[PDB]
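Data first, discussion second: the structure below is written as structure tokens.
Of the protein chains in this complex, all but one are displayed in their positions.
When the chains are written out, they are named A, B and C in that same order, and each has its own residue count from 1.
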Amino acid sequence: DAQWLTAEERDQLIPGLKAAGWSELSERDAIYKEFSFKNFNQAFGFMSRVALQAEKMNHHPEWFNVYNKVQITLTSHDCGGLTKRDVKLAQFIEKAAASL
Amino acid sequence: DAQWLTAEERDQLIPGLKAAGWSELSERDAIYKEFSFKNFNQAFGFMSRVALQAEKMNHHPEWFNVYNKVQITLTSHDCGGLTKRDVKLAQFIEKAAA
Amino acid sequence: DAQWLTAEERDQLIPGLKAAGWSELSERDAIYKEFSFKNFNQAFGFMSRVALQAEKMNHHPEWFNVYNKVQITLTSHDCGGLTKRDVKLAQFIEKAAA
Partner (left out) sequence: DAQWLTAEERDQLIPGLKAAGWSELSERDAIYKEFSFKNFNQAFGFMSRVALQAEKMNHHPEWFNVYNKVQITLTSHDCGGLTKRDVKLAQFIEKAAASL
């Protein structure tokens, strides 16, 4: 999905992400979550998996990393809002963070 | 190097990095530079090379990435300032970016 | 492309790759090339770029690595032969290696 999520889609997709720890940013139609690992080795291994998925689906995250911390913000710049692509990427990220 | 850069060291090593595009932050004793690649494939390949060097040196960057852009801030948190480790990592980053 | 390369396609696309250092295996319809970098940092950075492209194309290489060396064999297992996917991945590999 390249268009903004509908009210119905948000009610059916966001609750699960919120339950997983993601939050909706106050200033942008985007979701955000910070992941913490044991060290940089584990953090970057995680980032490499996310990077691979980003190229597989042609959708990229905004992210900041400092050693074992990875802060991720997902939104679609081509339309300026949250799309199904962001939800899909978030779901993959949760799998990667859980080693699944 | 693990100790803060002396005045002489800064004069000898920082100008080259500034000529290469790095700048010194005003609120912190740290250097910064935004790199712009063609796409994320190039950007992450570059990040992977920097990540390898980070573990080789046990010195890590503070960095942000969005598609083809990579913003890097370097400083030594252990002593709260710039050290030769930051200079060496920045020099490696320049080679990897080229 | 997902179907086996035709005679015309092979004549049009393979010579360039051979000029670049790729060779055709004798026991399989596949192309091969060993890349030699300066070190593992360069080699793995290169591998990371190829890995990203592999997932973008959903087409994977058969590769071996030891420090600065990376041996790559390309073929399409789905049909047991060379396809345009192999040619396109090889061309990307050439750019990444440069």
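Quick notes on this one:
Note that in this section a contact is a pair of C-beta atoms (placed from the backbone, for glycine too) under 8 Å apart; a residue touches a chain by one contact, two chains touch by 3 or more.
Shown chains touched by the undisplayed chain in the intact complex: A, B, C. Contact with the omitted chain, checked across A:49, A:69, A:84 or A:88, is made by A:49. Residue B:51 is the one among B:51, B:72, B:90 or B:97 that touches the chain missing from this view. In the complete complex, the residue from C:19, C:66 or C:98 that touches the missing chain is C:66. When the omitted chain is restored, the residue from C:54, C:87, C:90 or C:97 that touches it is C:54.
By the touch rule set out above, chain B reaches the unshown chain at residues 48, 51-53, 55-56, 58. Of the residues in chain A, those that touch the hidden partner chain are 40-42, 44-46, 48-49, 52-53, 56, 96, 99.
Of the residues in chain C, those that touch the hidden partner chain are 40-41, 44, 47-48, 51, 54-55, 60, 62-67.
Here is the rule we go by: only the chains that are shown with their structure count from here on.
Here the CA centre of chain B is 33 Å from the CA centre of chain C. Of all residues in chain B, those that touch two or more other chains are 40-41, 44, 48.
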